[PDB]
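**Student:** Residue-level listing of the chains:
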Amino acid sequence: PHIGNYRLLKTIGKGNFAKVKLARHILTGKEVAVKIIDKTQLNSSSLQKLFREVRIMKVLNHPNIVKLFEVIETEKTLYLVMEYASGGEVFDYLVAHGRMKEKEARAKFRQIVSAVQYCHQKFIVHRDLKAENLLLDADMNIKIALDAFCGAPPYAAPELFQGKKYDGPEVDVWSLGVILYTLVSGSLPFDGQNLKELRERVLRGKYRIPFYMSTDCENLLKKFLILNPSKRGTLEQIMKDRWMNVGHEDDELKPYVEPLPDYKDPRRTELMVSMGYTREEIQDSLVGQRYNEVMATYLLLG
Amino acid sequence: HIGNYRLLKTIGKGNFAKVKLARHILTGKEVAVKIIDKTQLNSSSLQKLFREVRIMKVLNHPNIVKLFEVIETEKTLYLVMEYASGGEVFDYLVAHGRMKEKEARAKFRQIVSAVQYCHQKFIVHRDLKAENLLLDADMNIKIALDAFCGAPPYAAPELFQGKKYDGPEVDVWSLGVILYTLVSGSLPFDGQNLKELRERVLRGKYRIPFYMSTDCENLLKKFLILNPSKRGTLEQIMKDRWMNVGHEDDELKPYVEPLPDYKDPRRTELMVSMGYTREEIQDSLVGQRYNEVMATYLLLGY
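Those protein sequences? They're chains A and B, same order as listed. Under the working numbering, residues 38 to 339 are what the first sequence spells out, in order. Under the working numbering, residues 9 to 310 are what the second sequence spells out, in order.
Okay, chain A solo, but in the shape it has when bound:
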């Protein structure tokens, strides 16, 4: 093991100050991703973001958001152990295979929308949903995860360009429109050679309708891509959209409700008692949502 209970396999990501590795959890054999962050090289604002991201990750339990399994904290280095999504970016998928058929777009978008709406009902807004945030797992389910500015402005809501507040759940709404447009068209509704060009198109809010797009779909684009932030619907309302629910007639997309906590699984508890864990430390680690090695093992056992 290189850290806690994980053998680090290969580097799947490199950053100025952070590093993502593939890893094997030794007890369970399960594959995980390990985000290895060097906190010594982080400025004040980045630490604020990192600590915010950690708080948020600990709280999100949703089939389409990558799951957090462990946080290992040292003075210099933070390790985030999380679900690996092996299918890569949706970005890269559309580049490879072109636009999705509306049918396929729909299956991925219901997951995306559910996941984001799940955040909004916890008063978490993402604020910069982009291409790279959308990952696929082995079954092509959505998992929501040169510099920060690469492929960013095309997802920005008009308010950014107007001096207005950029903080409500309605900013995610805008981005979801751009996301929807990318799924079905394989390109961006708002693009330019530079910022000035990009901004004129965004503040204008008009996008090309591709000739093959359905009116249902285009109607649903209209519900995200509204210039006035305060005139944008909640995702809870957009969930009821006709296009969203084609082929889901007994099955309207509805706000996700998370399973009730299972912190007393006799099967997994007893397995860990074997390996030499105390019953009390298990429950405490789970109830207190400790994201220590105990909880990791318990989650990973599932």
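If you're looking for bench data, these hints aren't it; they were derived computationally from the structure. Nothing false has been slipped in among the hints.
Here are the simulated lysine-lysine pairs, DSS-like style, with alpha carbons at most 25 angstroms apart: (1) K74/B / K56/B; (2) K129/B / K233/A; (3) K233/A / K203/B.
Chain A stretches covered by chain B per the calculated footprint, using a threshold of three residues with CB under 8 angstroms from any CB of chain B: (4) 80-87; (5) 179-186; (6) 234-244.
We treat Cβ as the ideally placed atom computed from N, Cα and C, and that holds for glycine.
Assemble the complex: chain A is given as a structure, and chain B must be docked to it using the hints.
**Tutor:** For chain B alone, coordinates are given in the frame of chain A:
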């Protein structure tokens, strides 16, 4: 057909354009050749392109890459221009760290001269950047993963205030950011996302590096002014003290384009010897034709 150049390596690939290094056959001079597939461009790209060509024909400054020839076909546009073999300033900076103020100053005088020169022609650059500053073999400035990488940190604040984004005063803001990078080797305004980048730009406050002179910091304050209409012209900023340290005989002044010489007899006679007529030499130069005749004449001048 570009039979008058021998194509050597590719220096750069884009989606619908490539840059090749080439040898101009008659003179042996090395050039950059941008080969643009026009059939793959949309309307606004073509506008930008025709604009770029019109701008480049008119610019003649030793710190702006010279245009030597343009070759038009229905499907393809060929821009034969000056090759700057030193790479980008951005690159050099990451390799060497900041420039000492003495060196930054030599570079920045070139940069300011070049941009101010544009401004006297009512050409505004509108997105000056790291990318856009190249170096020749002697380390002289030559003014030349998507289009949004690195762009926002150079955006002037009006971009974010819904205010117009077309003055020479936009370039002034950019020049300030450029100065700051030369002398510090990092950006004055940065962030992990658009929102954060924007808050910084709009507050307009930047970290003063400990090693920076007060002369330099005063120069920065003349560029980095929030209110667009309160920014000096480059012509005024040229008188700045920091700008003129060690140039006391030699105050930086608006560049004066040299008088047109299309009758150089050395070059004319030499070209006659190569088999050009005196007739076409006259027409091409007086006519500013940017054809093969003019490319040779221009190229013989190095």
